[PDB]
Amino acid sequence: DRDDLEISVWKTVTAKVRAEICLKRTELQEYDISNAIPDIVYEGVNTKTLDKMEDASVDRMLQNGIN
Amino acid sequence: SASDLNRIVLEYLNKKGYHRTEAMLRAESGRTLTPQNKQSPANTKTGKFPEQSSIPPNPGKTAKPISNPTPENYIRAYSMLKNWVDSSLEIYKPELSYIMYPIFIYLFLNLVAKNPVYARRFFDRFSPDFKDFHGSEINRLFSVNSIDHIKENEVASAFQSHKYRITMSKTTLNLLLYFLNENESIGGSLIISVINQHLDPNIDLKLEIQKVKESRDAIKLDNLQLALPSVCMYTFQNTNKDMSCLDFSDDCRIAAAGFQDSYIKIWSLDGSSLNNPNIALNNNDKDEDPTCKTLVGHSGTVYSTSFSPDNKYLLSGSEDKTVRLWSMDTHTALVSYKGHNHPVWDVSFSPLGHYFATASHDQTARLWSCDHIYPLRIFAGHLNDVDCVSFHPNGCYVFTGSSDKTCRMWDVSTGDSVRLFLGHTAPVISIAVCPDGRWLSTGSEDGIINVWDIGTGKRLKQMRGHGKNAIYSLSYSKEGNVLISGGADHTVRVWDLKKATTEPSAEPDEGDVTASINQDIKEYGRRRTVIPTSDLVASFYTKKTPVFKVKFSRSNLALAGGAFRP
Amino acid sequence: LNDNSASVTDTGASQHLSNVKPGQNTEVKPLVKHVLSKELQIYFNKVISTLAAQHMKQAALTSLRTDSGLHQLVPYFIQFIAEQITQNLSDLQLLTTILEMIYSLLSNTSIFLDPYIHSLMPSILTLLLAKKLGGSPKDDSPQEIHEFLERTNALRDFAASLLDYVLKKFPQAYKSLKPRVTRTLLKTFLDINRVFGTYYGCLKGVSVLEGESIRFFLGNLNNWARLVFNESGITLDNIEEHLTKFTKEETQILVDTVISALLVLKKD
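Residue numbers (UniProt numbering), protein chains in the order written: chain A, 728 to 754, 849 to 888; chain B, 56 to 125, 149 to 281, 430 to 736, 743 to 798; chain C, 173 to 176, 188 to 234, 243 to 434, 443 to 467.
Looking at chain A on its own, in the form it has when it is part of the complex:
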């Protein structure tokens, strides 16, 4: 069970902080409970539509000079 790269390096580089966390609970990271934001089902466009309008205008330049 040592032929997995991303799980072995996750065991190695986190081995000090998780011992302190599990010693703290009996009184990047994915199990700090308080500092987590949820996910929205749909958020609106705020930047992609600008470049979408710009390369759409370039596409209206790309159609051989018809306005």
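Check each hint, because a few of them may be wrong.
[Stated by the list, open to error] Under 10 Å between C-beta atoms, here's a sample of chain B residues computed to sit facing chain A:
| no. | residue |
| --- | --- |
| 1 | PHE462 |
| 2 | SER494 |
| 3 | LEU495 |
[As the list claims (entries may be wrong)] Chain C is faced by these chain A residues, among others (derived, beta-carbon under 10 Å):
| no. | residue |
| --- | --- |
| 4 | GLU733 |
| 5 | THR753 |
| 6 | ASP876 |
These are calculated hints, taken from the structure and not from any lab test.
C-beta: ideal position from N, C-alpha, C; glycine also.
Given the structure of chain A, go ahead and fit chains B and C onto it with the hints provided.
Leaving out everything else, chains B and C in the frame of chain A:
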């Protein structure tokens, strides 16, 4: 000048025919606060649904708020258990698939003895699901329609003698008992009586239900503590100051915004299709659907908008002197409602969706109905025009706030005002009444919220944390009292209603650094700054967008909404 | 109550780029023990001590499921769920009770649980894909082997049907825990050196998904069978007494469960 008002009151009672003992006791009744109703939102154990009896409401047959203390048919009482066991493909699915049959059979055999047409509803409603599991026995139970029809079917007559046996585990029996104890008055007690009197559970039963109720009573939450809500903010971008007050539906799938150029804009908040295609799918993909529908029926500017609790209809009030109704599944107008001669400022549906109240510039509120073109009641008695309108959560009183620094509670049947609440110093702009119903809260354009109690009519306390500016919206916690105020100073604030009252609401036992130093900076000056009450706990600023709407959802998540201003 | 030759090309290129990609934090404060009243932690220890006496356990389960006002104790429950999972990973009755109180909080529609979705999914994904769950098989008996196997498979079949409950309770987090969980299952499934029960939990978690994702495991199943079952040039005749890692019973369980989920892709 208040002792002279007390003397004028005493002489008014003496000339209007109140005995000295009677006037003293009515004064003592007027002074004491409205006590606590322990079934305040009607908890689902000892609380009942409203009757659907096709009559209009009536606030009579009712005692006073000052005094201390405070049939259910078989089809819904079975459909509760049916949906509860139908929502699970878990490890406990086929045991409920086992036990769902004889409770239905015994409810049918106990309902043919009382009401035959309700029994004919109840049999054919839940017929075709286990016909392949239980054979032609339900075909044998077609011919039972009376008490004497039970003597024809030998197995139906045997069902009174032969108690139906079922071998049930301890975890399934305790699951069923602790499900049917947590909501008695929906029909859980009606299921429990049939289980106790007609079934044979293999493992006394009355002692078992006594132990269930006692262990369920041994661990509850008596006095609740506060909780800070999570606010999801919907910011609208390309509205060049021409978006009036908006509203969200319930399930939060549709948003409705009224524009200054006589549109209603309808947004699918999930990015959905919002085209209602109805699988035929004829034609017209040539049009441009940006997941947003526009509604053009008004000729004036839309100043308010309200969603039905059914969430299938929209009610838009404009400055052309109509209120229009829109279908949210074909996106057209249905009914125009003409009863005003001035602009309409606040439409609001009922709790049960029966009939909507309206505010307008003509200093009168009007009660309507969705099937009548013209009004039903006229609420007159304010000095200036009515700004906000709201019902009591039973749909039995109306609350109107007006620009002459006051608000009123109106009887919905007799039309005349029952309460007049004085004490503000600015146009009341948003009003809201708690799900308990005993306390009224409203916000003015002075940035001051305040709460009265409807029994005494006087002020419990106020709230002084907003800027000297408008409080656009107001919302309540679903279970308990935490007020969420979204105003004009770009903040959404959180308020504890139960600090300075006789209900302290379970304060923590044991300090801060940021507390009492933030408004002790006072760089701008003592008289040129606000000083918050002890009731304000948090305040979320929105960075240059104002919040038109706060809508507290069912699960401690509020939603705010507004337009990005520059 | 909030929490009161240059080295800058690593604190700016991979400490605020591989942190701004999973959200952002400003130090929500869990523990000073001044944030809970007296009666609140009285109720908290009275519910954590009881998790003739099964009635009190079901009363605590239903009090978690239906009562409101426990929005302050909901981070203290996911702490004392995770420690009784990763610290007591040997007793199946306690793990069953902890999964019951996971399901009880996950049906309470009066508390907001979408913040805590990432600290509640690894408990479900570690009681489903554990390398060992019981740990004390009481060997030298085929009856005890079968009994321990059914006792540890009941927890896989329960935790797999708790993963499908949280893929439908939170549909707003779709495209944020559907590809994450199916990537966890595809990562844990595609190897040789795992124990049988982890493969069983992986295939049951595949079964509680739906649609083309199950079709997404159609191609890489042939080589998975050719590596885990050793059909090195076999002609399907002596299959009863041919194979090497497993025993006959658990191979029959694997061939049963690999088509218990494959029936979904041919019924439409």
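Check: Which of the listed hints are not met by the structure?
Finding: 6
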